[PDB]
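Next comes just one chain, in structure tokens: the form solved without the partner chain.
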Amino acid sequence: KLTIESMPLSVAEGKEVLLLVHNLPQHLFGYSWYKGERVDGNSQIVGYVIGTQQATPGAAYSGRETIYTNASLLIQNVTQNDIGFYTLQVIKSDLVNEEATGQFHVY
């Protein structure tokens, strides 16, 4: 069951947070990370194809975000206004796909 863990859960403003991914399913084509709680193209940070290892930024990419090979997302220079919701869509090879949302708390 796919879930997202924040390291750390509470993030000092301007510091960085790692979003770790637990329980990735098998037979994956790639990952997509979104700012906020929903899978929405206008809030996409990155699309990442595993086989090619090609990250392509989406309209929400700000320069702060880095995706890793294990699907983890590092966000640097976290802003005070950030509600902290980030959403991962796992794209399976059969396209019956899964999502999970995590959040951190800025102070």
Given for the second form:
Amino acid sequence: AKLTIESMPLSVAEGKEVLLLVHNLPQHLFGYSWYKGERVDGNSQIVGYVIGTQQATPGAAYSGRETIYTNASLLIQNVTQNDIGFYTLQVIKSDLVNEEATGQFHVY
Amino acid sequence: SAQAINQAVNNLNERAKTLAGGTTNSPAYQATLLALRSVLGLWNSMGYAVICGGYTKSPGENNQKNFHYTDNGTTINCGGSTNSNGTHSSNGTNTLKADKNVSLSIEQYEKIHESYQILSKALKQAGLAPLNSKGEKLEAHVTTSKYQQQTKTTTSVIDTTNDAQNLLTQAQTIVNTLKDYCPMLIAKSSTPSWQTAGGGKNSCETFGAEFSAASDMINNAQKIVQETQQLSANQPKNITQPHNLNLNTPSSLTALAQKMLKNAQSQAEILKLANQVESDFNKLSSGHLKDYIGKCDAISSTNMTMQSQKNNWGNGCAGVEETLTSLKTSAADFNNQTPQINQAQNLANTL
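Output the structure of the form deposited with the partner chain bound; the preceding block shows the form solved without the partner chain.
Whole complex next, starting from this chain.
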């Protein structure tokens, strides 16, 4: 039922990559957006995608190693120590009802 | 002869006086009115489903604005969203950028809402002014809300008029905003037939034909107004002192003769345009909106809240069927006067 995130790998090495997979993504979406941190907060938005559009629109948190996919997963390459901690996904479904989910990876 | 020229000029001017300044007797008027009512109908039928409040500059300028509709009043929220548990969320459509095939900005929605309110209120408060009339000034009210650190309602005054030119501009704003930016539509939660329940359709995908028809109705209605002012400022003067060859010189008589033709050609094009506006109404009213736009008498969305629980969203409530018949009833009166009109143009062609 619930939208959940999975980090691949779970714990990351500095300079390598991590993949935030999305489980139980509901069909029928208007769009979704990825955030740095616990909260859905505009100024921490890494990127937003709309379902009809083909192109995704980055936000202030876009460092330039983030690749969003249209299965809602987020790849982050050349990870720094500053990438530690939480990442939050908000989905907006076709009826404008939102769902939330948080992810995290620990770098060493 | 003089009695013949005077009979033709009187017929032109009698028909021109009705066509230009008449209300119920004028197909030029009823066509224009239909265009106006058709856009109100369009918005009343599918407006609530229009997704709005995408961001213009940044996701971190998170804005909302609620837009009020009075009746059994309702309110439409642009920007926000509804959480899983059912509470309202200040992060919603404003998390994603506004543009073509996505979502109207707050600024775009507030123009539709303003235009709709001006148009709605003008037709009720004062009706449509006659097409040759300069118009009657009137105040419109537009009620909106923002959120605070509490909700603040604000009702604006707009000094406007009910002349066709102004009212067509308001309608044009509504249709062209939809036609050009193609905002997505809200789906059903798993109500009209067109509102799917599956994914969520794009407004120009669902209503392309209807938007073009609605758009063409306005373009033709405006053309009616322009040919009507041509007509108004082109009234042939009756021949007095007919035997006077100095007063009624063949120069100012051929001037009158081709002044009469300009009057006739306006009337033709106006009636032709009015008949196109009816054709354009049939295009509008016979797709997805066939069972909706023409009628009036409990539907919802997650960005909508009603004062009671009734409201008239989903169907047109603009008296379009009533206006359609008035257009048909007025057009047959002019369609049977064509023998008199063709007698005058053939008589005019001599000089």
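Between two forms, the rigid core is defined as the largest C-alpha subset superposing within 1.5 Å. Only residues modelled in both forms are compared. Positions refer to the first chain, counted from 1.
A 2 Å or larger CA shift between the two forms, after fitting on the rigid core, occurs at just one of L20, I83, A12, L9, namely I83.
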